[PDB]
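Next up is one chain by itself, shown in structure tokens, the form solved without the ligand.
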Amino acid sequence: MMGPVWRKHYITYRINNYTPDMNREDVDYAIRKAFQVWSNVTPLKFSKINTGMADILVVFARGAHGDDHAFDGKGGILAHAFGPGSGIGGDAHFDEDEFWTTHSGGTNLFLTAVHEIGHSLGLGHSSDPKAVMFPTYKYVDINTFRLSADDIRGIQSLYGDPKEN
């Protein structure tokens, strides 16, 4: 059986704080485009809010940061996220000890967020090294990036595919 799902289509996110590694606008853009990857294949729609309680909180932090999953310094775990639910449910956390970038150096924020949001929507890891839900990081350019068949099958068995027209 698989884990619980969001039981609505309009889902909100809030960026709690920004990493200083990147331009603030680029954080915004990378996160929006990572949600779009998943919006493109489901009926889910994501919007950013700046106040109010959001479904998905995006956090940058080092070490312990208030949940049961203290980060571990540079390398190791890069980020983690919680599956659908209230409260900490759906939240996505990125380790500030990594160096977050818009490019092939350090750790690419966009690619990392697509994986984390995969978790936030209910997915687990894939055994396919081409899947974005493969557990370890491997850079691919934002332009060439595509969800694998396995990523699509996974997300569509949870939410359906849309819906158009």
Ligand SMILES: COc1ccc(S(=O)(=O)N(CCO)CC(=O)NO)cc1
The other form holds:
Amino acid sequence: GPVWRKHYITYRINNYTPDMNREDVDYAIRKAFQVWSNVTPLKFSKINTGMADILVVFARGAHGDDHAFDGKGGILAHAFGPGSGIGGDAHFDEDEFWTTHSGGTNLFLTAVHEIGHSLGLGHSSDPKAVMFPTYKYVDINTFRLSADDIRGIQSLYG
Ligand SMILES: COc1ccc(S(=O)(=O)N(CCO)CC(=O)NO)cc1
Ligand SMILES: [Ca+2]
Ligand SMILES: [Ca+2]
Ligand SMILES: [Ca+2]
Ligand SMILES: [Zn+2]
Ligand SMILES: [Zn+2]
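Beyond the form solved without the ligand, can we have the form solved in complex with the ligand?
Time for the whole complex; same chain goes first.
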């Protein structure tokens, strides 16, 4: 599967969910990128204009890729593996209610998983892994990648 073949990766926040404070969306996305840069050689930088490697989008229903969202619940987000164009991009279902806490769907935890995909990771069968394809809230203040996540990302980078 594809990986980014460079060490400096850019992201851009296309638009902001009205569910959250702007600074909280910025911080959640920043902290989620940091989870992955903690365990690889990668460096992430937010850019404000122009083409980013990873475009972060909030959208509902049909949104121009061939992967429609389904309203509240069900699919929370999806992302594309490394590559040109839409490659790397992470889309968050605006029909969810995004939060900084245990209420609704936690943006940070969801973004960690999505950014895993943006970097080339697939799903894990281990319930403990952030890449396990089922959302279960865990306290984000003390979140940790599982050994499975670490093995997975280190098999792709570093
Ligand atoms: C913790 O992160 C997530 C992110 C999304 C989802 S999910 O949206 O519920 N999901 C699970 C399969 O239906 C689709 C997926 O894996 N997208 O990447 C579940 C957990
Ligand atoms: Ca949904
Ligand atoms: Ca892209
Ligand atoms: Ca919403
Ligand atoms: Zn999409
Ligand atoms: Zn997934």
